[PDB]
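J.: Starting from the known structure of chain A, arrange chain B with the ligands on it as the hints suggest.
Number of protein chains: 2
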Amino acid sequence: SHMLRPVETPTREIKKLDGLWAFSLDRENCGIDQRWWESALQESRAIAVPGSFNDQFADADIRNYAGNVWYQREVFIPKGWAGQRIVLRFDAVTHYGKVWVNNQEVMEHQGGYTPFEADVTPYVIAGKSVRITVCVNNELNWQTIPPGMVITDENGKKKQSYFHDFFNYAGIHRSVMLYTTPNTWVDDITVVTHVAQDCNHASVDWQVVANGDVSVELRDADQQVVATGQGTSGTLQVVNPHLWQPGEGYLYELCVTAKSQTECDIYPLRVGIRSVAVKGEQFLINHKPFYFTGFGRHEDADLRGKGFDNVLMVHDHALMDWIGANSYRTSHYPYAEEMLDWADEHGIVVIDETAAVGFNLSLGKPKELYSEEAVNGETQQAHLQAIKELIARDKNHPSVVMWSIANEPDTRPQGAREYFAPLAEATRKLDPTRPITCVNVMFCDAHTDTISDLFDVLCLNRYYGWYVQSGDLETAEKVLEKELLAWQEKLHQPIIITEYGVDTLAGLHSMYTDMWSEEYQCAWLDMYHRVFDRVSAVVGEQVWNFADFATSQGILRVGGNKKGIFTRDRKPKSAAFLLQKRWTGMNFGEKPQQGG
Amino acid sequence: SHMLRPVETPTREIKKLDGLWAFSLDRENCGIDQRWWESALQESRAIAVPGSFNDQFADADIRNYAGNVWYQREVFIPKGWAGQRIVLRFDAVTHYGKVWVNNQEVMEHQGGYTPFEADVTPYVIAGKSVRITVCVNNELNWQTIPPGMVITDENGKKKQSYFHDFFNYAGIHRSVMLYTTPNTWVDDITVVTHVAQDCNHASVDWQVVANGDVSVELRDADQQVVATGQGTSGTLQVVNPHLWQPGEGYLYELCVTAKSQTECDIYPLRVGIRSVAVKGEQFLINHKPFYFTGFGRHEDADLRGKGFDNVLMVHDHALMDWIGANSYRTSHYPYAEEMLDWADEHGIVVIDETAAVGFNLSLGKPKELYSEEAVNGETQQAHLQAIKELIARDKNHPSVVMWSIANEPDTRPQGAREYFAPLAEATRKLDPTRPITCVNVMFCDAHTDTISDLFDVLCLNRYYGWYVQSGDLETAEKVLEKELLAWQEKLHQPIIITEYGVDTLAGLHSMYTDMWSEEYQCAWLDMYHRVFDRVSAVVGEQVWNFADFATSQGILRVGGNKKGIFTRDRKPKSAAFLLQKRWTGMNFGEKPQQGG
Ligand SMILES: O=C(O)[C@H]1NC(=O)[C@H](O)[C@@H](O)[C@@H]1O
Ligand SMILES: O=C(O)[C@H]1NC(=O)[C@H](O)[C@@H](O)[C@@H]1O
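Chain order of the listed sequences is A and B.
Residues -1 to 362, 370 to 601 in PDB author numbering are what the first sequence spells out, letter by letter.
Residues -1 to 362, 370 to 601 in PDB author numbering are what the second sequence spells out, letter by letter.
Just so you know, the hints here were simulated from the structure itself, not pulled from any lab data.
Where hints are given, some of them may not hold.
Unchecked claim - Computed footprint of chain A on chain B; a stretch qualifies when at least three of its residues, placed anywhere within it, have a C-beta under 8 Å from a C-beta of chain A: (1) 466 to 480; (2) 516 to 522; (3) 561 to 568.
Yeah, the Cβ is synthetic: ideal placement off N, Cα and C, and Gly gets one too.
Same shape as in the complex, but just chain A:
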């Protein structure tokens, strides 16, 4: 469908992101048979929402649970809600959610990281209390996005195995809410912003107003109307603009009005006037070459598996700001929209990424990745859908300068191309206004990768000197430089190293500057930087990883992934100061001149 972001004015929100909900596991999978949504959840403990369910109770068995869990909550419809359009929305429900308003199934969703909502007007009475039961599923398979394989052992007990390097946290990770609109309501806006050598431009609009004529006005930061439009559908605005720019992100405001004969609806959409374009080996923003700095991030913290939190967001952005990061990539799933609102407001450049990681069977059972058994026509449709829902969500955020379709598919087999070519094309139809990318795994190098020509920007995840040439900066450096030059000459695209990093145990110090030591982390990033500055095609550097985060258990992960610049409690490792010096020492948004 269509997704607008709930704002208040004529339209109003009840939070119900009030956190305390009833919660129980459904170990027997009785829940649907017995219609638990029909009465109060039995044997139910208190849980916080928004939040992962896994870590809230410090219990291994709830953490490692695979299958169905139930959230239940009673809530009060505002009396004043009367005959307005009432909508129940979930910003996210991890992997799968099915929702009941009082023994009435109102919605269903597969996707752990984007919103789903249903008009509930007919199913609720204003001034009365309703029971809300969500059945949440955390299972992955070959058609889920990201993919996985549940293994049931001989006892019929499920266990989730998956192919990506973060932990499969689940639950209601983001805001759930009740919200209002008039029976005439704006429900889709699409803004495209053009700029022409930065003295003037046009901002096209496209508007869907469920039964309403629309009018448009564009306002300053200091709230004065600078352009108007009728053409309630397709209306183009000309301006002497304050451009939304990486440093500051100046935001205009577009007010969308849906008028019925008796009814009004008012939707304000923040707009940054900026162009994004690749020209040759450059990534241009408002027609200037940009240089990315900053991180691949995760949504991860102690006690919240991936649950959204405002303090964590305020804090992490103070860190990213302090360190001189100008960008990030929503590694491995769409992030909370609050994050993109922040980025828009603060002029943070973002690479927006679907949840399509784990397409790889060689990261470290089926023998063909592209297979009817394993990655197939159904998967591709699920993949396209994931792309659709992400673009439908994030299309108007000026902070998003690029779409990332997938992280680290195995592109060696013939068929990778078969599978990805249509997604690349589809994606571009969905959004013509942004470069497109597919993040690239180390072993699909310049000579073996089959897919990268189909996208606009080259985003490489590189670990030379870590997973390969381990401990050896000297030969690490040679392989890295040779690889990046090969890519440059092969594709003549802008290259962003979207991942480079080494596990570092905070407090592990070594005179020998060897693996897993603060000093090795320092020397290794430093060597990588030396190379980047020698390669003109390199247009960006995003360190892996903002902070330590949880993964599945194994021999390769010491209590988790330790490639953070900060620890999970947001303590700086000495590499944090190193990056601070490089990033705050550069000219903003500008690439070093390959010397101090």
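T.: Relative to the frame of chain A, chain B with the ligands by itself:
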């Protein structure tokens, strides 16, 4: 060469192990060419001996060095040693040494864990200073024990590669001593103990008098002669037994007197009256069921690498005693003989092991492990040769109950059985008195493993739950039991678990009791224990490792190896208390009731 532990009676030694020798790297491999041994090493620096050269200087470039290093030292010969036999002895020089005394090449050795000695009387003048120069080589190859491959880079320098987990520390690891003897002397002995039902029984001497007759009296701990023979070549002695027992380890003393016309050489040996053999599923200590507790250990410590150190030895034994260890294995190389005197004297049980580890290519470039390319006849000789020298050294140490011919060879390839059958043969003949073993890796399991039948005791290194069934105690327990039971069937041989362990970060704590957490170590060690007990065949437990220790760099090793019950600075992890409680809550040398 004939091998006797120098001791002080009518015989004298001056340790040159007084530590400060002059040291140099020969990066240019000029050393031999220019007879560096003829003049003071230039570009020299002070180094301590006994100790690894690698970590003494906090320099990576020295730590990772492969090739020849030069040790030089001047020493005033004592005036009272003038027409006496003078012997220069190195208890160990890691990998290879070439020794000169003032431009006089005196000795050469391959094998980093056993002594080598030569008479220097002709090349040295008593009351004068002579210059000692040593060429130490750390390079390993296929002919070497343990094996390795050395690669010369595209730039021209050497880098070592090897297949055993611990770090390749090299240098002069054990003491060097000048050594005195009469012109007629003892250079060999051998003793055997027979004890039938702990009634009085006999000790057969066999000796080598280098031109003398011997009187050979046995003394009690009170120097009270309780038996005598004059047959300097073969005897027997019989009295009410007084057993060398694992509890306290009582010893007798055998004066070996060797007579010439002008000179008498009294050599003293220590003797522990005890019996070791297998009956079916049981390892019997003096005809009585023993159950092993204690560790796989290494020679590794903070700044000395594998260099011997008395304080470290005193301290480690305090800890093993405290924790209830009765046994350990000289992991993957033979230890400093001081360790074996301690075990003899305190009655500790020792599974003695050669340096033959890393025969395997699957632990984590040649096609066939046993082949001209990889392991060949030549390699089988050195293996033999290494086994010769060990038994030559430790044959008389009562604490040694059993030989471990090697650690973790891959027996799946073709020829594995052909390789080990003859070496098994040669060893049984070399010491008929002690049982013999080969320590077995996880992936050569009961059904897959060849070559388990040629050995008397089954020594298993098992990791279920940690490398496989990663983090899963429940399945790991079943696999382990079925595995161990499957082992009682194929053979009804005594089973000792020589390694069972999990990497654990001191200070990593988890409510989820997951991998690399102090808790997990406890839970996992606990789990092996419940299984261990149920198997009648299980004669012992030896935890991997005693303490954290260095390894070559890689993504699987964080500090180095972290499976230590103690950290490298000897601080206990919570699992030290788990073991303490079991190993002292037992009856000594006995098995638990397969229940409390
Ligand atoms: O293994 C890593 O450290 C990271 N490398 C990658 O290439 C992946 O894109 C990341 O998910 C992963 O966390
Ligand atoms: O990897 C380990 O935890 C240990 N397991 C083994 O089987 C080896 O005998 C040891 O060297 C090694 O350190």
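J.: Could you run down the list of hints and mark each one as holding or not?
T.: Hint-by-hint comparison with the structure:
Given a C-beta distance limit of less than 8 Å, the hint that chain A covers the segment 466 to 480 of chain B holds, as 5 residues qualify and 3 suffice. With 7 residues carrying a beta carbon less than 8 Å from a beta carbon of chain A, the segment 516 to 522 of chain B meets the three-residue requirement, and the given coverage holds. For the segment 561 to 568 of chain B, the assignment as covered by chain A holds, since 4 residues bring a beta-carbon within under 8 Å of that chain's beta-carbons and 3 suffice.
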